[PDB]
Amino acid sequence: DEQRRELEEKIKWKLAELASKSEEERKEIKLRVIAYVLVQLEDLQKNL
Amino acid sequence: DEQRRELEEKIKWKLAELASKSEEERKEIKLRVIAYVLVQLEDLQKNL
Amino acid sequence: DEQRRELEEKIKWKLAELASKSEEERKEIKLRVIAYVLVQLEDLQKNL
Ligand code: NA
Ligand code: NA
Ligand code: NA
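Residue numbers (PDB author numbering), protein chains in the order written: chain A, 4 to 51; chain A', 4 to 51; chain A'', 4 to 51. A prime marks a further copy of an entry chain.
To be clear, the hints were calculated from the coordinates, so they are not data collected in a lab.
Hints should not be assumed to be uniformly reliable.
As the list makes no split between identical chains, a pair holds if one copy fits it or if it spans any two.
Only pairs whose alpha carbons sit at most 27 Å apart, straight line, appear in this in silico DSSO-like list of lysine-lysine [said to hold, decoys possible]: (1) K49 with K24; (2) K13 with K49; (3) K49 with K17; (4) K49 with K30; (5) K49 with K15.
Bound-form chain A, shown alone:
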């Protein structure tokens, strides 16, 4: 599927961006990711 391939390219681009980040920057990013997913899980746990 087209959209599937586009998503993989978006993911690979983000991985290349992440590769340039320092160890501490990566930890800050991972923390942000965890917090965002948890906010998403809560707001979803409300309507679903």
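Given the structure of chain A, go ahead and fit chains A' and A'' with the ligands onto it with the hints provided.
Quick look at chains A' and A'' with the ligands alone, frame taken from chain A:
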């Protein structure tokens, strides 16, 4: 944007909550986050 | 709620799948998860 600032406040609140969790609780939370994102990625990989 | 219980079962199934993965496979999966969430955060940071 308003919604953007609101999201950052939601993320900061979640970060403050995470900061109070023990190391083992944090590992349990990260595991849950990983599993949830993968479920989301699959269900999305179906409609998209 | 029904959908809530279904989500927990989906998450537990994914956790069981993750448990079978090697340490290196788990790192690859976590990297993919981080990149996907960041793509999601960007595309959301555009419409919201
Ligand atoms: Na660099
Ligand atoms: Na504490
Ligand atoms: Na195994």
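Do the hints match the structure? See the list:
Taking the closest pair of Cα atoms, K49 and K24 come within 27 Å of each other only across two copies (23 Å); inside a single copy the shortest separation is 35 Å, beyond that limit. In the homo-oligomer, the alpha carbons of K13 and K49 lie at most 27 Å apart only across protomers (15 Å), although the nearest pairing inside one protomer, at 29 Å, exceeds that limit. For the identical chains of this complex, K49 and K17 are inter-copy neighbours only, at 16 Å across copies versus 30 Å inside a copy, given an alpha-carbon limit of 27 Å. With identical chains, the CA atoms of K49 and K30 are at most 27 Å apart between copies only, with a shortest distance of 24 Å across copies and 29 Å within one.
Proximity of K49 and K15 under a CA criterion of 27 Å is satisfied inter-copy only: 20 Å between copies versus 32 Å inside one chain copy.
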